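Engineer: Residues per chain are reported as follows:
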Amino acid sequence: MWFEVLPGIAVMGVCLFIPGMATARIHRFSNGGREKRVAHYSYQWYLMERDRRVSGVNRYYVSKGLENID
Amino acid sequence: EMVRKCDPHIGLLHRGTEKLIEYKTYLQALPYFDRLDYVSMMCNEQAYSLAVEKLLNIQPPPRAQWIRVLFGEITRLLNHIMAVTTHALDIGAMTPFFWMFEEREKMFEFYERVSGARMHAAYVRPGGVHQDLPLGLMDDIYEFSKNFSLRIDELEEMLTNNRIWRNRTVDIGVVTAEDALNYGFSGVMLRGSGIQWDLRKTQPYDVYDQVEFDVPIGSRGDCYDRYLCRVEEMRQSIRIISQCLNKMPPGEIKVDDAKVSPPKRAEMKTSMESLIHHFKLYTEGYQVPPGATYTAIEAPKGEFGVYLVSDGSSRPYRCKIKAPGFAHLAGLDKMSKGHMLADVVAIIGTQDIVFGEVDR
Amino acid sequence: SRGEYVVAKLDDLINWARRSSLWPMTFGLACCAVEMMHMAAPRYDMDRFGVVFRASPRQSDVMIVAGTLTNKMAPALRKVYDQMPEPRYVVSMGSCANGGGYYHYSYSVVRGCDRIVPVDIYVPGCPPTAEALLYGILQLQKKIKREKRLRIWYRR
Amino acid sequence: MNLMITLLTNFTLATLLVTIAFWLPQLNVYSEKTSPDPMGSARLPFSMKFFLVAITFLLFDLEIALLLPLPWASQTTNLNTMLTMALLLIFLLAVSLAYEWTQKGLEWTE
Amino acid sequence: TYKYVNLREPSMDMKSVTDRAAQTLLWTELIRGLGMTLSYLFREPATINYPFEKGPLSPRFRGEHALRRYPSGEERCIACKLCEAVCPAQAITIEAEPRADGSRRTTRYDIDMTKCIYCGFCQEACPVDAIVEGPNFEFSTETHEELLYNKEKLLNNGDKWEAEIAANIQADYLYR
Amino acid sequence: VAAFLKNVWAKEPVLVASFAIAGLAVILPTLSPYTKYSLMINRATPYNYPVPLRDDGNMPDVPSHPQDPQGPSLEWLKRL
Amino acid sequence: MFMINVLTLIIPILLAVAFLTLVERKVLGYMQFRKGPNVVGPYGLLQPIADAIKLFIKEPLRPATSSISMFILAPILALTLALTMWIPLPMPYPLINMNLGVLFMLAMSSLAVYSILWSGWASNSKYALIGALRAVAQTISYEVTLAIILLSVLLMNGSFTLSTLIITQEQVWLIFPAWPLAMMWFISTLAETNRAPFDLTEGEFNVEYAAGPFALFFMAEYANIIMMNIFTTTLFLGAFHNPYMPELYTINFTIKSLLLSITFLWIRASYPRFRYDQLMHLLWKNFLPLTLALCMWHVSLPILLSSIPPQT
Amino acid sequence: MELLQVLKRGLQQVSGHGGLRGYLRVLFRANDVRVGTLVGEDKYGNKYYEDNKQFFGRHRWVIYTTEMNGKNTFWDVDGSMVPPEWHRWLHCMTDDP
Ligand SMILES: CCCCCCCCCCCCCCCCCC(=O)OC[C@H](COP(=O)([O-])OCC[N+](C)(C)C)OC(=O)CCCCCCCCCCCCCCCCC
Ligand SMILES: CCCCCCCCCCCCCCCCCC(=O)OC[C@H](COP(=O)(O)OCCN)OC(=O)CCCCCCCCCCCCCCCCC
Ligand SMILES: CCCCCCCCCCCCCCCCCC(=O)OC[C@H](COP(=O)(O)OCCN)OC(=O)CCCCCCCCCCCCCCCCC
Ligand SMILES: CCCCCCCCCCCCCCCCCC(=O)OC[C@H](COP(=O)(O)OCCN)OC(=O)CCCCCCCCCCCCCCCCC
Ligand SMILES: CCCCCCCCCCCCCCCCCC(=O)OC[C@H](COP(=O)(O)OCCN)OC(=O)CCCCCCCCCCCCCCCCC
Ligand SMILES: CCCCCCCCCCC1=C(C)C(=O)C(OC)=C(OC)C1=O
Ligand code: SF4
Ligand code: SF4
Ligand code: SF4
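Chains as they are written, first to last, in the deposited numbering: chain z, 1 to 70; chain 4, 71 to 430; chain 6, 24 to 179; chain A, 1 to 36, 42 to 115; chain 9, 1 to 176; chain m, 4 to 83; chain H, 1 to 204, 211 to 318; chain i, 1 to 97.
Note that these hints are calculated values from the structure, not bench results. Yeah, the Cβ is synthetic: ideal placement off N, Cα and C, and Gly gets one too. Any given hint could turn out to be false.
[To be verified] Computed list of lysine-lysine pairs in DSS-like fashion (alpha-carbon distance at most 25 Å, straight line): (1) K126 (chain H) to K407 (chain 4); (2) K407 (chain 4) to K109 (chain A); (3) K334 (chain 4) to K15 (chain 9); (4) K407 (chain 4) to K33 (chain A); (5) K350 (chain 4) to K89 (chain 4).
[As the list claims (entries may be wrong)] Chain z is faced by these chain 9 residues, among others (derived, beta-carbon under 8 Å): (6) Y2; (7) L38; (8) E162.
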């Protein structure tokens with residue numbers, strides 16, 4: 001009956017679930033277990049490049065807190 | 071975008087049916103009529119049967135006449151399902167096609183129960199019908215008719231109030247009443263243009279004066295009023311089928327003249343006169359007294375007529391077949407002037423055109 | 024051998040895809056068109072076999088000749104047949120398409136569509152029922168299932 | 001840089017699929033086809054109405070191009086002037102549509 | 001005795017005018033159409049599972065032809081040619097002679113199944129129930145001449161389907 | 004003004020809804036009491052740096068610290 | 001690693017387009033009181049695979065092309081624009097997070113008519129060219145209300161950023177302040193993709215293409231259908247986003263986009279086709295005046311309510 | 001809940017074909033898994049089933065044998081495999097098997 005269309009909808013729904021789940025896990029893996037830094041504006045890029053310089057490993061996402069000041 | 075001239079070239083299904091009829095007897099030429107309007111099989115059977123029975127100066131029994139009216143209205147349901155659903159399928163409403171061909175499938179099961187074939191029954195014959203209704207058939211006809219108005223209702227829910235179906239059909243193919251009469255239109259083509267004419271009311275045949283029904287009359291002459299006329303004719307066919315199921319009499323189904331209709335098979339194998347008559351009706355056939363009839367009935371497309379000329383022998387001398395679709399497709403050129411190309415498929419739809427009877 | 028096994032499995036694959044995805048172009052000539060429209064109706068439903076309803080004649084896989092072929096339309100039938108991409112198949116439906124039928128001795132009827140096109144499946148009836156036409160379509164599928172295009176290509 | 005890589009990847013996938021569609025069934029050695042339309046050979050008649058709907062598209066698309074900075078223009082400090090000029094642009098688009106109406110420009114493609 | 005389809009003059013009070021304008025602006029009949037299509041989405045479909053499920057037939061069904069036998073092995077056809085005189089398609093070709101015991105029997109009984117219109121005038125013209133049009137409809141061939149039946153093919157259809165044909169004739173013969 | 008409006012609402016309701024929505028869009032910002040708050044929020048959004056002033060000696064209304072009482076306040080924006 | 005992300009975007013697009021054909025045939029089957037395909041695979045699941053293998057080994061149709069180059073470029077452009085409409089789509093994070101993703105999508109959908117136009121001129125049929133001109137005029141017609149409705153809705157967003165459009169709809173779906181824009185948007189995106197009741201390419211342009219390239223046009227069209235349903239979902243039916251669990255947003259917008267694609271499938275099995283002038287009448291005389299009136303209303307409305315969204 | 005009745009009918013269909021192996025057997029040969037009363041079996045192996053709660057057309061069916069007259073019919077099921085004594089019952093020319 002009408003539940004016969006549901007395997008195809010399940011296949012198509014898994015195929016739509018894959019890209020967003022995949023880009024979320026890749027954005028966590030490539031950015032140190034966090035979200036990707038949204039830099040739409042040049043102040044956000046200024047802070048992000050300052051993070052890249054203050055980390056010392058040439059990575060913006062490796063954060064430095066109070067342990068880096070004396 | 072406009073259409074200045076439409077020249078329909080036909081003869082792509084001309085088989086020379088009514089020359090082949092001249093070399094076959096009346097019973098042998100009966101199944102040619104199933105194949106003319108091939109969605110209205112038993113109605114064309116009834117028109118040829120009434121033509122031959124008018125020339126033979128005999129009449130069917132009452133039960134045969136009620137069977138012919140019952141199956142003529144079942145046939146009218148078949149044909150208007152075909153008309154409405156293909157006219158919607160060509161425009162784009164493809165879904166009530168599939169919804170109504172299950173009902174059309176069940177009426178073909180009715181045909182197969184009563185004759186053995188689903189379409190070309192050879193069931194309505196000159197003299198009556200070929201065989202009596204098997205038991206439990208009328209109960210299932212009632213069970214069909216009890217449900218079929220809801221099918222018409224959901225068809226009418228999908229199309230009638232829809233603005234897209236109205237825009238494709240309301241201003242399209244307007245026929246005036248005088249030009250409908252002048253182009254030889256018949257049936258819904260007249261009745262959509264206001265013309266109060268129906269052959270079952272005016273020039274009635276078998277028992278149509280004993281059934282009570284209404285005749286839907288349009289008001290604007292367009293595709294939309296002809297659509298509403300065909301849907302209401304399905305309603306009134308359900309009304310006539312209810313009256314035929316309630317008023318069905320007992321009795322015989324062939325005429326009891328064994329020089330016209332063949333005897334029963336039990337008495338053919340017992341009586342000498344019945345075996346002689348069986349022999350001579352299935353080899354020579356009955357002779358028909360010489361004369362020319364034009365017997366016309368109200369087929370579901372319009373006036374279906376037979377001009378049958380008998381020379382006194384067991385074969386037709388001439389059998390001209392008047393179809394409604396011939397004059398309707400002739401009037402296609404006037405009905406499409408000033409319209410667009412996508413209107414022409416709606417105009418060819420609203421003239422219920424089946425090319426077997428157009429071409430013969 | 025190994026390559027014989029490969030062409031056997033590839034024949035099974037391409038014959039599976041060709042019989043499980045038949046696209047018909049139906050010539051609605053005559054009364055047999057009504058019964059093809061019943062073979063597409065919900066009871067029999069060609070679409071559940073992968074047999075679509077009314078493909079265009081230039082992407083269709085099989086030509087169902089359903090009705091009477093007259094002399095006036097036989098060049099149009101041959102034109103539509105020549106315009107089909109290969110592999111193309113022809114189902115002849117009903118007596119008039121098969122052998123002329125009830126109009127066999129007529130002056131204006133082609134006595135069978137096999138005088139015009141090569142026919143694969145002859146479906147008999149007047150009309151053959153939607154169940155009988157579906158039987159002919161499944162017999163066409165079985166005919167496609169035993170095709171040996173790559174095995175004969177490997178053995179040539 | 002990620003966007004240029006993405007565009008190049010999509011163009012390469014599309015070109016690969018188009019090459020497979022135009023060259024995999026060419027290896028079929030089927031048959032040479034001898035002697036491979043509603044109008045026969047008449048010229049294409051120019052339709053004035055198709056050109057009219059295309060130019061009406063172009064002009065209203067230019068008015069759209071004027072309307073496109075509005076989500077940024079709502080952030081201004083001169084809001085009375087901004088609101089007046091925004092309503093004036095959408096009003097001039099509506100006057101263009103009304104003049105296209107009343108001089109029978111939207112006809113037979115209404 | 002007649003009715004006027006589409007002769008309704010609509011109301012012009014503000015109630016009906018606002019009803020029609022809400023139908024225009026809010027698409028009431030379009031949602032009615034979507035509701036009817038959604039109603040058929042949740043119905044059980046009418047599809048039978050062919051070839052495993054079969055369409056319902058009656059015992060009158062007119063399918064493949066078969067020459068029958070009496071219940072002794074003797075064939076019923078006494079070569080009388082009524083089925084080919086009545087045949088509207090001239091599909092039946094009959095030639096006969098007295099056989100070795102003097103019985104009036106056919107030597108040629110051909111039916112062209114591609115001329116045949118399957119109307120069953122042969123089985124109703126047959127005085128001895130020899131030719132019948134049986135219940136087989138699944139007999140599509142791959143070649144045209146396989147639908148050109150001789151007497152051997154028709155007697156084999158009789159021997160093949162007699163257990164069904166006799167029961168169908170038994171169910172129907174009091175209507176004949 | 005009354006029969007004409009019902010007539011155009013009966014024949015052409017899309018156009019009546021069009022001119023009604025456009026007329027409300029024209030007249031209603033001039034009548035709304037919240038139009039002033041749009042101005043006051045857009046001018047209170049600090050895109051730039053508040054470049055301080057040299058304290059010459061007489062600026063009684065300019066603060067020395069952001070948390071001082073004098074200066075522009077946005078308690079109306081928090082409360083509303 | 002980014003190339004893996006591009007592959008996990010573009011390959012599941014192709015798979016979902018492949019099985020959307022099965023879902024279309026099944027849903028149109030059950031809405032027509034029959035079944036869809038259930039023989040070729042278990043519950044019909046191998047029907048698109050069988051059909052793709054069928055089309056890629058069918059004979060090339062071999063047309064006489066006017067231009068060979070544009071005959072090649074029209075499927076290339078159609079597939080490339082069908083794939084690049086996905087990269088700013090936030091679900092909940094896009095592949096290419098850009099500041100102007102909305103305007104990017106409107107631009108790359110405006111470029112989609114060149115495939116129709118080049119396929120129509122690259123065929124030698126004048127009838128195919130007339131059909132291509134009709135389809136191009138239809139699409140560029142409904143792009144007008146796409147642009148204006150989209151602008152009017154983004155006046156509540158503050159920017160052309162698609163990721164900001166989720167933040168916009170955290171308290172309410174944006175269909176509640178903008179359902180007339182939503183319904184005209186929905187019919188206009190139905191008319192973008194030549195989809196019924198606006199499919200005059202099936203009512204009596212790429213008919214000279216062989217089975218391979220016609221299948222590529224077909225799959226680009228269904229990629230556009232899935233994409234415009236996802237874009238309508240993000241635009242009017244914005245789901246809840248928990249940043250620590252992004253799969254909540256992903257499951258939610260996937261369910262909503264599947265329902266909206268089934269709603270396209272449910273419209274096409276319910277209505278007859280417009281005549282060409284009738285949908286031109288629908289655009290220029292019904293949708294565009296209300297679209298301009300609601301554009302004035304959504305310009306003046308955040309000012310009269312003091313609800314102007316933030317720029318950032 | 002009546003959804004659990006639906007899931008129980010599905011699971012007893014899985015149980016009623018002799019396990020998952022017979023369930024998948026009838027799923028891939030029949031494209032249909034519903035269970036029925038075994039009306040009979042012919043001299044070839046065709047099994048004939050009823051379910052009078054199914055509608056008219058579905059209420060009788062045949063699971064064809066995997067071998068008939070020397071031909072492997074595991075996938076090549078044929079409508080003409082029905083012998084004439086079951087051809088009345090299956091096509092509903094009578095009520096009686
Ligand atoms: C995003 C999720 C989905 C969104 C909803 C959409 C789902 C429903 C889809 C149904 C199937 C549709 C199939 C295609 C149909 C195409 C035809 C069609 O509908 O044409 C549109 C029809 C066309 O008109 P027509 O053709 O029906 O009517 C005749 C028109 N004349 C006279 C010109 C010939 O209507 C519209 O254009 C209406 C568009 C939307 C209107 C929105 C109005 C909102 C209310 C405003 C305020 C009103 C009160 C006044 C002011 C008060 C102030 C306080
Ligand atoms: C070196 C040796 C190998 C050489 C290369 C081959 C690699 C493997 C290729 C796939 C498998 C090949 C065999 C194909 C099937 C052969 C057996 C067969 O025909 O089984 C029939 C059976 C259904 O039976 P049927 O006849 O349909 O019955 C009607 C209902 N009673 O059919 C079924 O049950 C279904 C059959 C499905 C066929 C396989 C699935 C489709 C193909 C997938 C791979 C190719 C496509 C990849 C993706 C393309 C793009 C989406
Ligand atoms: C001041 C506010 C802002 C105004 C400008 C902004 C407008 C936004 C919407 C854009 C409109 C663009 C198109 C306008 C075209 C107008 C001309 C027109 O359509 O006239 C024809 C029409 C009759 O249609 P017809 O020609 O017969 O069409 C064939 C199909 N039957 O004729 C009609 O239907 C009559 C149309 C005129 C009368 C409409 C009255 C509406 C009143 C609503 C309530 C009050 C709203 C306040 C504003 C009033 C402004 C007059
Ligand atoms: C993100 C998820 C996307 C998912 C997409 C796909 C969804 C559907 C997945 C497949 C579902 C099951 C398909 C089963 C097909 C039928 C197989 C079958 O029964 O084939 C039988 C055939 C003949 O075998 P034979 O030995 O002759 O049998 C006689 C027994 N006495 O033998 C053969 O035909 C040979 C074997 C063929 C096997 C083909 C299997 C299907 C392949 C489909 C491609 C996708 C694979 C899955 C991808 C996602 C999971 C990783
Ligand atoms: C007939 C030929 C073949 C036809 C088929 C193939 C061509 C047609 C289909 C592809 C169309 C490609 C479109 C390329 C540009 C799209 C606009 C664009 O890049 O917008 C996105 C983004 C703007 O957003 P924003 O957030 O401001 O930027 C990041 C900084 N914050 O901007 C950025 O992120 C900027 C990134 C750096 C600059 C990128 C430049 C790309 C290369 C040049 C254009 C490539 C296409 C050339 C041919 C087009 C033919 C139509
Ligand atoms: C290799 C990736 C897939 C390539 C494209 C082939 C499969 C998808 C399109 C095939 C198709 C299907 C399934 C289909 O169902 C269909 O009918 C509606 C078509 O013709 C209009 C098709 O073209
Ligand atoms: S074989 Fe007979 S029933 Fe069939 S189309 Fe021909 S004339 Fe009509
Ligand atoms: S089959 Fe019957 S009718 Fe025909 S020749 Fe034989 S006995 Fe006579
Ligand atoms: S069924 Fe009719 S056409 Fe066929 S052989 Fe018998 S009499 Fe002749």
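Engineer: Compare the structure with each hint and give your call.
Structural biologist: Here's how the hints hold up against the structure:
1. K126 (chain H) to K407 (chain 4): 24 Å, holds
2. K407 (chain 4) to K109 (chain A): 22 Å, holds
3. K334 (chain 4) to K15 (chain 9): Violated. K334 (chain 4) to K15 (chain 9) sits at ~69 Å, over the 25 Å cutoff.
4. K407 (chain 4) to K33 (chain A): 41 Å, violated
5. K350 (chain 4) to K89 (chain 4): It holds: about 24 Å lies between the C-alpha atoms, which stays within 25 Å.
6. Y2: This hint is violated: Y2 (chain 9) lies away from chain z, its Cβ roughly 43 Å from the closest one there, beyond 8 Å.
7. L38: 10 Å, violated
8. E162: Hint violated; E162 (chain 9) Cβ to chain z Cβ min 41 Å, cut 8 Å.
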